[PDB]
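As a starting point, one isolated chain is supplied in structure tokens, in the form deposited in one PDB entry.
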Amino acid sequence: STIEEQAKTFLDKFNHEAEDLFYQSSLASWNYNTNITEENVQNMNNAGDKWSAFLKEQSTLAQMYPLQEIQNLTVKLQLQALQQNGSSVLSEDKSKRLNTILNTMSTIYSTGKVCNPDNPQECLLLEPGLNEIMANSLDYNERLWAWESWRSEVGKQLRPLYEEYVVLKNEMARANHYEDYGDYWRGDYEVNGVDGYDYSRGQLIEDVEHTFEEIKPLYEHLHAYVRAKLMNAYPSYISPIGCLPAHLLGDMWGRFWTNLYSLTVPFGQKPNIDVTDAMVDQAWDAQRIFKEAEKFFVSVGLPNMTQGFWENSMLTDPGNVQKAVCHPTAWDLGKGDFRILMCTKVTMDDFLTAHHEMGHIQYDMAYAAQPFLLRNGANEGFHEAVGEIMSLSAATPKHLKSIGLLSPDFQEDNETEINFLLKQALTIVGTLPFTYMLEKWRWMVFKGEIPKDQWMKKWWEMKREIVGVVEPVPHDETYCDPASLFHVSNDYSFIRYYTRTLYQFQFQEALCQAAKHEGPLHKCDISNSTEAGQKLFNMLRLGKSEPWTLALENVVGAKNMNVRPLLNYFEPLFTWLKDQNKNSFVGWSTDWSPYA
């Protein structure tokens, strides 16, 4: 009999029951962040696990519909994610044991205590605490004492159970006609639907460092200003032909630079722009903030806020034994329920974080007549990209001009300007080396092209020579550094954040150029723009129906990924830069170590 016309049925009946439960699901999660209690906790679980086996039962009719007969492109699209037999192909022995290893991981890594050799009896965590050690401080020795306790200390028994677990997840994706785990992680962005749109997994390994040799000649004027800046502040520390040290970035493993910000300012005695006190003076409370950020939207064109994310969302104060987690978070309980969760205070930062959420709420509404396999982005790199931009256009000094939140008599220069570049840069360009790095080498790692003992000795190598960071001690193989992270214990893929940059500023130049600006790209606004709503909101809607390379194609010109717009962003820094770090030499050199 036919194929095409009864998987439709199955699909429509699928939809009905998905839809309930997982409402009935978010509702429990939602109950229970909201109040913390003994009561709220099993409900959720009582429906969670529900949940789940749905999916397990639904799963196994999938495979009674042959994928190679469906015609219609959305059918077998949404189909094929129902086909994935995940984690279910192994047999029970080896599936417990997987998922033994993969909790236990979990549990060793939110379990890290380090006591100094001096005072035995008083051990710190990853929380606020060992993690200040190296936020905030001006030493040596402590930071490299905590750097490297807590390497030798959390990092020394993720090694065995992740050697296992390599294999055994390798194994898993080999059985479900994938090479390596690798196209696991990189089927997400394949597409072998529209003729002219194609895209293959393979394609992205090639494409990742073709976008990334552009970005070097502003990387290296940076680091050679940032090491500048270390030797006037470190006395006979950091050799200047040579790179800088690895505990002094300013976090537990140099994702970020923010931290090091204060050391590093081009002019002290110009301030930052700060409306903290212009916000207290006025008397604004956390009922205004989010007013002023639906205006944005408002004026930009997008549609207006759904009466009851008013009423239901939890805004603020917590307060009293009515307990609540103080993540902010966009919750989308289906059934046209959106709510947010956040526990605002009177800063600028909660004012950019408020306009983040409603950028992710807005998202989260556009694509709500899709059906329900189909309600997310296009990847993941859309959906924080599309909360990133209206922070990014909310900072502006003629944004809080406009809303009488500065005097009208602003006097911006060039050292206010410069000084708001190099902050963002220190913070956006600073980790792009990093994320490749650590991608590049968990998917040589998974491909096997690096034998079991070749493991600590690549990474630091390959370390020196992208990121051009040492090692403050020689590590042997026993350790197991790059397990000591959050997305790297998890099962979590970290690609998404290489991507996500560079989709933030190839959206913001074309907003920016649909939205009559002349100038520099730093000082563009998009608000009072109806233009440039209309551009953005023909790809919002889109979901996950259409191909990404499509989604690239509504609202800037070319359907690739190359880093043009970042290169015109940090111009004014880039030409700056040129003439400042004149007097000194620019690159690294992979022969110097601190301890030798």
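Residue numbers count along the first chain shown, from 1. We call the rigid core whatever largest set of C-alpha positions still superposes within 1.5 Å between the two forms. First, how it differs from the form deposited in another entry.
- Per-residue Cα shift between these two forms after core alignment stays below 2 Å for all of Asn141, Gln322, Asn192, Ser88 except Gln322.
- After superposing the rigid core, the Cα of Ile36 is displaced by 2 Å or more between these two forms.
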Second form
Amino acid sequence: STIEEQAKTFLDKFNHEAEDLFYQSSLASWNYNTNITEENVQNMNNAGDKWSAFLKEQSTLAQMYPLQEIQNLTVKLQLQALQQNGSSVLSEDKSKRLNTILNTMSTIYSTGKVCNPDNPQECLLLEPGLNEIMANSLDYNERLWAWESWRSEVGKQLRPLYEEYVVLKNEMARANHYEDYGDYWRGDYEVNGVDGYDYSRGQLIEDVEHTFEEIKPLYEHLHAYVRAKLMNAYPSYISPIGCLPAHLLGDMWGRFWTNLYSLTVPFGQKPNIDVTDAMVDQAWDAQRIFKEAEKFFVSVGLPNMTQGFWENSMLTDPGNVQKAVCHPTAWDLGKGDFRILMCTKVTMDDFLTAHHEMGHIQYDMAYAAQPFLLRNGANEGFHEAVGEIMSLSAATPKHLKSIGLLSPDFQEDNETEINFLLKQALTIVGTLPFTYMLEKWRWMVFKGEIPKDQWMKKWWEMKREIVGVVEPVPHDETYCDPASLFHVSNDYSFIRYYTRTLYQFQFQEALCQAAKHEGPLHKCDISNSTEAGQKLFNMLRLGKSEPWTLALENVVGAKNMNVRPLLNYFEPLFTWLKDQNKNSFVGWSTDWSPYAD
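Having seen the form deposited in one PDB entry, the form deposited in another entry:
So it's only the chain below, everything else dropped.
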């Protein structure tokens, strides 16, 4: 007989064998996250150990099916995944030490704290204390201390472990014929065996470099405006041509600039949009929010929520001795069981988060028919992009006005649109350079082209070169600032956010052109449009069965990523910023420093 039939029956058995043990483990994780107890932890650990043992015995068995003989890509993709040896190639001692290091770093991150040097009895924590400080505080020395103490106390402990972590990761990567761990991470975009759609891991860097060049113009004007604002907000501290202090970015790391809206609002006298008061007056609840959200997806022709969705999901904080992890997440347990966990409360941000989670659930339900190994998004950022386009479409004044929240007496004007675009830009445009620089530094470090005696130096160099931010206090090799971030310490990627930010605008433009929208793009609304819904569903059903390039070509008619939609979207703000910056300086000096004078 042939090997193809053997592999097919093997995969058919594996799917059914793995579905059940998953259902058990998935149910266990849900029961644990819903009620923290000692027995649930042990049960979840047992289920995870059983699942890992099952994956171990299922692997090392498909090696009898060489890939060079298979011809149907449907089975070839399923087989290529199981053949991955993973960390099993390393020795027992090395794997044990790596797991111990990971757990120790996670514990250090989750248990860090700070205390006042002049008052050791006074101590604070990151989540309740430092976030609120960096958000609402306005003093200079206070923010400087909050920025310096946490780092000096936490990062200096993770420095030695990170080197061994990098060494072990590079060894594991080279064991599996990869050039390094960065090449392994970039494997999610690799595509072969299809003429006209091939994609290499190296071409991604070229594409990112080519795309980043077009964003510098708008970022320069935004930085100029923010600097002009800060010079009036904090005189005698901000330089007219120097870089902005890191501790003044509203957060500990400088990822989002949303906190600067109150200081950068051009027309502070105009009425800002906040329907929280109307929602409180009408006495809405979580069920109302979720039903209004479901109606949005029903208006475009998508399926309704399942019956068990409302019975099993948790949409309210118990507010009792029971403790739960309040963090919006979408759970897919299989067998048609979909649930959401969220400590929902009356607020517009919660409305947008509910829309995002329902968008995620729709995607999860779309590809439920594909084989187990293929029930996943074709790309990392597609889920987040699909979730964010819905929030964008819903956040329009027209949508809120159609549901009776905003009174018809409200009149639109240039200032309102300018403020809306500025608020959107402060959130979206601010994270791209930071993400790019962080990912590039991480790749260059994993590549081994930066000896240990230059890590922190090149960090600040690339910072001042790209983002144009200068540190308020000089640091040496004893400090480890990159390790003071969640994703960096928890071994997570970053490029997914960049890809999602690039794809969401293309998706929005395509869906709005499908609905025959007119006028500016930021006023588009896809409600009551079935053509766009069908066009999107035609792609949501593919899943992991086809390359992302073909799906993107079917959706927007293009293969590679493009930035023109974002520029067309932000054209009004880009044009308005020039009238203000005409009398301001452009660029930033890389020599000035707060402690240089």
